[PDB]
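Below, in structure tokens: the form solved without the DNA, a single chain.
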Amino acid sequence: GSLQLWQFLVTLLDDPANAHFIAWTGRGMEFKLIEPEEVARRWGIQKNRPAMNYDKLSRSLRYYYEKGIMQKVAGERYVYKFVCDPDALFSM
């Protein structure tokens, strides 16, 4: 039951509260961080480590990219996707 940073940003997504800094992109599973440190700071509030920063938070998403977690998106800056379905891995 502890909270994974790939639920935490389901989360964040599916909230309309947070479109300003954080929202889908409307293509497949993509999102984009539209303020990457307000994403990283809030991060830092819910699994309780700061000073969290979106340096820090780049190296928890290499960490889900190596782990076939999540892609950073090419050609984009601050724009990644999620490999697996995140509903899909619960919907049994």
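Residue numbers count along the first chain shown, from 1. Note that the rigid core is defined as the largest set of C-alphas that superpose within 1.5 Å between two forms. Compared with the form deposited with the DNA bound:
- No residue of 10, 84, 73, 19 other than 84 has its CA displaced by 2 Å or more between the two forms when the core is superposed.
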Contents of the next structure:
Number of protein chains: 2
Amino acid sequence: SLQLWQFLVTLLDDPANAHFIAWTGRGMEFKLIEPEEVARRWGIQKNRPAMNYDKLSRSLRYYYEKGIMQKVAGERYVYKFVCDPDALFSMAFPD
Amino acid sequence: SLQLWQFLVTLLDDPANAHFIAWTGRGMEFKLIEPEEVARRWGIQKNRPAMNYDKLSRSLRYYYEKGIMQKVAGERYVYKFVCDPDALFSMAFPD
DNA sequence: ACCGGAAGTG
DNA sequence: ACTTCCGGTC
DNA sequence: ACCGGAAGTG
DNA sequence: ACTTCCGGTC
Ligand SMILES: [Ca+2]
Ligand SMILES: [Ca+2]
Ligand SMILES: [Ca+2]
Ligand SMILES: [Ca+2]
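How about the form deposited with the DNA bound, since we already have the form solved without the DNA?
Below is the entire complex, every chain and molecule, led by the chain shown above.
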């Protein structure tokens, strides 16, 4: 079953979702255009009725410690997957 | 009559006030230890019944544009008078 | 907490 | 020369 | 808006 | 592997 970061990649890959979540075109950077719609869909995925962006974003922040994501500083709702050796290892072989 | 920055200097000079506002000892840096007490006293000074730190701090921020103050980044309630040529001119000859 | 736009006041 | 309000961002 | 501590859950 | 809550800071 899908971890949050994997679920986001499935959303980002499909043009059907571009109105609420999209790759920006710079490396692996992405924007949660409608972050509450991303949250609603993650909530459905996990059977979490009350999921919202506040709580979703906290898991994104935990990904900073895991080394697979970073915030794009000063860009609203914009994050990026990290392009570095530790990030690829963690994403290639998720536990 | 006293401008905000002058009134603060009068407070900072007197040891009687050290519990709510004090020079930190680094150049002209100072801390509003109890910022609402600073606000209450500024309010009395200006006959502004409802003065608070939110509104007082906005005038401090206007002083950034005037060039006589700066925030000390990341230090709670800590500001400094600027030590540079424009600041001294503005403080020596206030309009 | 902090930032700055916007509109206001003898 | 601020005051008030307030939307936006570590 | 964003940050991270703290305590929680099949 | 997050979820929930929430105090703190541009
Ligand atoms: Ca921005
Ligand atoms: Ca490593
Ligand atoms: Ca601090
Ligand atoms: Ca000059």
